[PDB]
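Just one chain is shown here, as structure tokens, and it is the form deposited without the named molecule.
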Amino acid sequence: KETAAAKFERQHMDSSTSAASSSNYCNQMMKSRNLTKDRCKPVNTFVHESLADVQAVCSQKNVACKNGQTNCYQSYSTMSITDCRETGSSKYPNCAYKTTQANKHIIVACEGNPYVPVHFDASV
């Protein structure tokens, strides 16, 4: 079974680009990160910063998570991110995503020792 930290990395980290460079970024990334296996994951955000920078958010601003838990942290700085969301034309096994690039603060839930990101809560 995948650890929570490893699942966060697979679903939400893309440090190898500064930004989404085209409308096809999401289609490609959702497939390659194995997020379209038995169904199309409806919504998923990738963060274009180093793993270290994202891990560091866990000691930044403590804020409530949408679900009411208190282990969420908001990045002090904006980060480059890409939101991927299924379009109307999307139908498994032919998943289809809209790619929206933005520079926003991220909010992650953190857990464990080491205390690292385990869920992507939202961007602001």
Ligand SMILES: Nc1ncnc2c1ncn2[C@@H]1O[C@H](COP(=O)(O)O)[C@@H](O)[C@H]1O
Second form
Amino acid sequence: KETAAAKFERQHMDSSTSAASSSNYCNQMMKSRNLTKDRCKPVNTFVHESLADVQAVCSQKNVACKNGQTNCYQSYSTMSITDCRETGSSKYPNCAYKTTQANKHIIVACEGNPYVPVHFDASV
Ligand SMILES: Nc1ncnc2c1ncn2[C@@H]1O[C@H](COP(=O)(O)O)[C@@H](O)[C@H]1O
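Alt. form deposited with the named molecule bound, vs. the form deposited without the named molecule above:
After this comes the whole thing, all chains and molecules, with the earlier chain placed first.
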């Protein structure tokens, strides 16, 4: 079965591109990562850094989580990311997304032993 750590990797990791993310990127990735199977997931972020670098965030700057938990961490450095946002005309099963590359600090929630990312909270 798929662990929370694996789900985070599926939903949020894309180390293969540095982030020349085409206009087509979100359309393709939201589908291929199975984020459009049940509904169109409204928003989602992909991180274009190594797994090691993203895992390392769990020992970086501790910040409050949006849900009020205390297990969130902000990256000390900016990271290459791509935000995917569902368009107004997007209609499930044909989910359509605006692709936006940015370089921002990421905030992730971590759990477990080993202590690893399980939720993408924000970018700042
Ligand atoms: N502080 C947290 N620790 C662990 N999981 C969380 C936290 N905050 C939210 N979540 C949930 O973790 C799941 C993964 O989120 P996402 O990475 O957005 O798919 C979501 O269902 C969130 O509601």
